[PDB]
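A single protein chain has been omitted from the complex, and every remaining protein chain is retained in its original position.
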Amino acid sequence: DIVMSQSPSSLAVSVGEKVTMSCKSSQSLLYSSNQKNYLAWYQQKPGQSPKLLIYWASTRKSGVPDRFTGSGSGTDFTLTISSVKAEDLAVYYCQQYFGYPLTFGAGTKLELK
Amino acid sequence: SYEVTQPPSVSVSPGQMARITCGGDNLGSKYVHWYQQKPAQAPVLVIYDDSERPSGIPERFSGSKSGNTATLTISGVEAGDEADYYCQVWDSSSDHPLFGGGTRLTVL
Amino acid sequence: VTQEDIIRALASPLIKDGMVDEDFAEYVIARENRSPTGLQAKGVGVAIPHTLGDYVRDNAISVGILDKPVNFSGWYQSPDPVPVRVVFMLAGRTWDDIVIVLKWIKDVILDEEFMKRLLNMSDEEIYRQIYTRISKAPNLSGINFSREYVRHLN
Amino acid sequence: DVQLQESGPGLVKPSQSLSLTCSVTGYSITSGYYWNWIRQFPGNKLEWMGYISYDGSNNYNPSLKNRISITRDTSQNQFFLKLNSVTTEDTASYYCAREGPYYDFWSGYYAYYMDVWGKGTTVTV
Partner (left out) sequence: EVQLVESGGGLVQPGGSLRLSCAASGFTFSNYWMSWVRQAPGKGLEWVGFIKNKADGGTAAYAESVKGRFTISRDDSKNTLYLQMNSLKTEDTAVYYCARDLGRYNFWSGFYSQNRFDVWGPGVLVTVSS
């Protein structure tokens, strides 16, 4: 199986306009026939099912300012939350689509008193 | 695989329990068959794949071949049944079987 | 469009992961010319050639797909080259895994609907359906198969 | 556009098998796309339970090959997940999802996106 992980486990800040989420994989996840690495972030609000915002910058239906930056096996695959998302309490997951089995890494950002 | 080593002969006392082998790069996989040739006769099969026997074959030729060297294991020699034996190595790296090794036995 | 270049192209994504060292493809070609295996299926498919190299680190199957037949070298000793639309290559280390994988392949090739689908279906789907068949059997545990090993061939 | 709905006897004893049924809408099961289950534990741990294909293929990802069985009823537009001899390690929420290739600049990028999902829970014991 291909193991996915969120390197900082997130929770970097409670407040901060320019912070990132960061995924790493044990495999390159790169298809040489496409020159594209197949992975996803699946942002989720508490109490709700996860939904995908960014797939290598694709399917941004509920688009907000954001980014997709990595490319290699481990490297540093990130997204930038930007100053305001209006989804400020959330859990994010690390996913890959290169081998058959899927697993998920995870981390969150939560501002609670 | 490829060349199969052997001693020219082994002197076997009734209780020696001699470990007489066929060499090669690795015989713990890509195993061999063993044949026994009575003097002035053609060789015949003495043992099958790994450790199994044709009917009529005694408790000798019972080696487990647990290592990478194929050991026949002869618990002495009975009566007039002393005979030359050899082995067959399929040798998949060439797609075709090679034969070799083998010893002649003596007693007394 | 020939078996030598198809075998090299097919082996390339597998060698890249270190599955087999020492290039391998030249040996695969020499092995197929010296002793072909049965190739003609009851339908339109072609059976999988195998090498049984002794420098194979683990077991894997490469598949891919051709658009045109390349008249891959025949098997029965007759002037009958066998048109091949899908060229396969498997790796192995000993006799037992070759016999087990070839028997499994035998069971797969007699499913004619699967082979026609292989002829028209996409590369993601080729990966998915073969992976499913490999993992379905109680046998074949440990044989590696990933999306990088299925590519279109010339 | 499309919503899925989990239903079934989530309060299942270990002596019997888990039986969870997912109703889906907006499409026909045999035309395309794949249906699957995502299992979520009390934390952020998620697991991939495998696929049931539009063509009937059943790809049981878990190593518990004789534990998980997935069947289909195309007249009811429902999928049925069963787990034999359910244990306490299987208590989790369960989501059904419908995903497969969606149009991108390329006619087939097979980027599933978790575009369609359900929502529900079960409890073992």
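Note that the chains take the letters A, B, C and D in the order they are written out, and that residue 1 is the start of every chain.
Note that in this section contacts are C-beta pairs under 8 Å (C-beta built on N, C-alpha and C of every residue); 3 or more make two chains touch, one makes a residue touch a chain.
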> Given the contact definition stated above, which residue among B:1, B:37 or B:62 touches the chain not shown here?
Replying inline: B:37
> Hey, which of B:10, B:98 or B:105 is the one touching the hidden chain?
Replying inline: B:98
> Which positions on chain C touch the chain that was left off?
Replying inline: 34-39, 42, 47, 75-77, 95, 98-99, 102-103, 105-106, 109-110
>> Residue by residue, what part of chain B touches the chain that was omitted?
In response: 31, 33, 35, 37, 41-45, 48-49, 54, 84, 86, 88, 90, 94-100, 102
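The rule we apply is simple: only the chains that are shown with their structure count from here on.
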> How big is the gap, in whole Å, between where the Cα atoms of chain B centre and where those of chain C centre?
Replying inline: 37
>> Using Cα averages as centroids, what's the distance between chain A and chain B in whole Å?
In response: 63
> Taking each residue of chain C in turn, which ones touch at least two of the other chains?
Replying inline: 128, 131, 135
> So which stretches of chain A touch two or more other chains?
Replying inline: 100
> Which residues, counting only chain A, touch chain C once they are in their complex?
Replying inline: 31-33, 98-100
> For the complex, which residues does chain C have touching chain D?
Replying inline: 122, 124, 128-129, 131-132, 135
> Which residues of chain A touch chain D in their complex?
Replying inline: 34, 36, 38, 40, 42, 48-52, 55-56, 58-59, 91, 93, 97, 100-104, 106-108
